[PDB]
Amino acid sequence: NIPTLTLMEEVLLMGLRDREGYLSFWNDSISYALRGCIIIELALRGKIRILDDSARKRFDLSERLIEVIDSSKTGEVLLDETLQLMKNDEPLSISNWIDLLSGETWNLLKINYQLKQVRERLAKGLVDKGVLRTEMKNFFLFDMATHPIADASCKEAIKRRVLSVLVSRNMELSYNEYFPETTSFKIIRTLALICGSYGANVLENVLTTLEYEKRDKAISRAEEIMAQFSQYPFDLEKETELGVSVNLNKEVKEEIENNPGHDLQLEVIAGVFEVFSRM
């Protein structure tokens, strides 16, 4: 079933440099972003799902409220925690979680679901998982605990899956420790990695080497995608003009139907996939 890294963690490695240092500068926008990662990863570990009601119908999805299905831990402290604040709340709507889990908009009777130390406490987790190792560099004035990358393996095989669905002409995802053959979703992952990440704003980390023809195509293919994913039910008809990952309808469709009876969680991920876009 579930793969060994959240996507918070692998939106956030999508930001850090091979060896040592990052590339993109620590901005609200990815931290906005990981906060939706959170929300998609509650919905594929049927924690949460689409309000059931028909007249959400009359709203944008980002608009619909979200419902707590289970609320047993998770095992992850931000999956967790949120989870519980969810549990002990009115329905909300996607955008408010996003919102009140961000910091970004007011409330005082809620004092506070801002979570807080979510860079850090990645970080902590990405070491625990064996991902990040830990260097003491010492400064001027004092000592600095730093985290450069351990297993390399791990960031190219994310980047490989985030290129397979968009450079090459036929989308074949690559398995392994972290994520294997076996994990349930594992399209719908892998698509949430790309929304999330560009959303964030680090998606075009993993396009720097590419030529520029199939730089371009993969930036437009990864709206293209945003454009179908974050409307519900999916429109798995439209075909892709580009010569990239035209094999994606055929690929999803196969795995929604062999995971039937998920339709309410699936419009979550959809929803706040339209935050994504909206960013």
Contents of the next structure:
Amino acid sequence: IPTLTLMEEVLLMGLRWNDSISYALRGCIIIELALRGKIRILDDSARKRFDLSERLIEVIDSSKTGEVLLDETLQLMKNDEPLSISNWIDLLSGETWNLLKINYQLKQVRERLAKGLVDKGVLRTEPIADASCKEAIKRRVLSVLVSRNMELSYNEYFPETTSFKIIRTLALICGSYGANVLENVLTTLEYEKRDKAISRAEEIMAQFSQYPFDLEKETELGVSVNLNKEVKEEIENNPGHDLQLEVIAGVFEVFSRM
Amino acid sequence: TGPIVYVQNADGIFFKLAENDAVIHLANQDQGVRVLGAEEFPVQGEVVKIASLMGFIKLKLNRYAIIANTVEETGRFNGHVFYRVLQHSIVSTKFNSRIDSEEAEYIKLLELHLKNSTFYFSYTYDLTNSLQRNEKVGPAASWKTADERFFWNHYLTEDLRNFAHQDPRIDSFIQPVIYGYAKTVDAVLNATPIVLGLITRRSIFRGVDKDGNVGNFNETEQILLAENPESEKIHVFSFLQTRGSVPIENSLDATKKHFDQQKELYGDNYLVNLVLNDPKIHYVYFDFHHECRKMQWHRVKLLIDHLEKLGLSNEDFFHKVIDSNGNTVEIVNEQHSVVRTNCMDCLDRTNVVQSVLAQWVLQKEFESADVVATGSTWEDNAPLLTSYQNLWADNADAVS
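Please show me the structure of the same protein in the form deposited with the partner chain bound, now that we have looked at it in the form solved without the partner chain.
Below is the whole assembly, all chains and molecules, this chain first.
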């Protein structure tokens, strides 16, 4: 149960608005909704013939999250036929041709997330009020992109009791790189460290774009070793949640097609 | 005419007949409709197969496309098949994030109009006119020959019309579409295989408008087919009954033009209203007096008898006889008189009167083909009666 949603984190890492950041924002919406346990992949055998990103979406819970955007998307998923991941994100981005679902596109997302951060007391209008949170998130990201052995840090917004913390961080990395806003938080690092970090993120993308994401693959970079072991330690918990993970890896697949 | 498939491309949309070949390109650069060859047809890309194309509509700076995704079989008659548009789709060349906010309102209202609306058509047959009018027209022409009043997609195909005036290949692309009802029913009376059918079309135009149009003009046609192995021939009937407003503001010249058109197209006109001295034009009034339903039906019968006393005969309809292939053998009779129904408050009354009248003529249609005996009541047959009632009921469901 995190305080900040994935999309707000991504946007926060954004500043110091392209199409990439929007697409990635919607992607973060689907990812977050999957993480909550709201949506899940339909348990069909035929859908596994196509790509994971083309698989349908099934919503189980109807409880509101409190976040405006997420609840809007939930509403849109509540009154429609089961659409695929890529098509869902496309419709939420308004990239599909059909005018029947023209009202599916989210308008002025920037102001939504802005009011979201301000009302959370994170953003000040006059420019972040709390830089410790951003620095902590950045610390996690760098702990995944640089550290030899992956270790995690926790703040009040993202406690140690947060479920799928590693998954939250990985999804954050993938989503951020999808919008190419990852370049902002690699500026402090040295050249070689950047060169390792980017391709480490590339390995994360290539590994978790499929389900089940292979963990027998040994990285050559020596960066964030035992990632597979800790991910295994994550899948030891919450059994039967394979559906949501299929969704997530599907969105990761979408990020690699941008 | 025939099915159409297309390819969606950023530069524009490329339409092409499903069955040389003409390609209808709507470019995204200038939002203009132009004709290209089969070589322009994209080798790869999404190929969408649709029932038919309604046409293009231009609002502000964008020109949208109105397409029918799928249709369901609603009627079959002498090989000719009637289709109802189940799902409609509006397609633009630009993405949803590129569409203007002002235009979104227009698309919203248009889509709202498309909802709760029943459209009907047929590839090999033009329903736009009555079977009487369709018989007076050769079998070759299709798009060129259609009623100006009931050709619903007239505006949407303006560009297509302009390109059809020059290119005959465009004629196959454009397909007549009507707003109302159109269905057939298979049955049997006195060991004779019979196929009933009903159509209903709403006019485009619009008391009396200055142009001459009266508004709310709904032409309701009742057609029939009867194959009798005893006579070795196929009989085809086409009773006709229009309705709408009535001249009672209303210009003298407008009334004159209206009546001239009505008398030129329908001949004699019996106008019945519900609560010059032209010889071929009669004015009838009727009040239900809030009686019971049965007494109301009786009153309808009495009104029918009154119309009969006015000079209206139940033998005045379109009767024809065709061959086994479909070609007509001989023309038996033509209808030179119609009964226009005008009502206050509830419109259902019009449908009721039209129904009882149509059955009163239907009995004579039966007698004319030796299906029933002289003086016999066809209404004694329960299945045919309830089929008739179901037909008119669904018609009433569609009109409202």
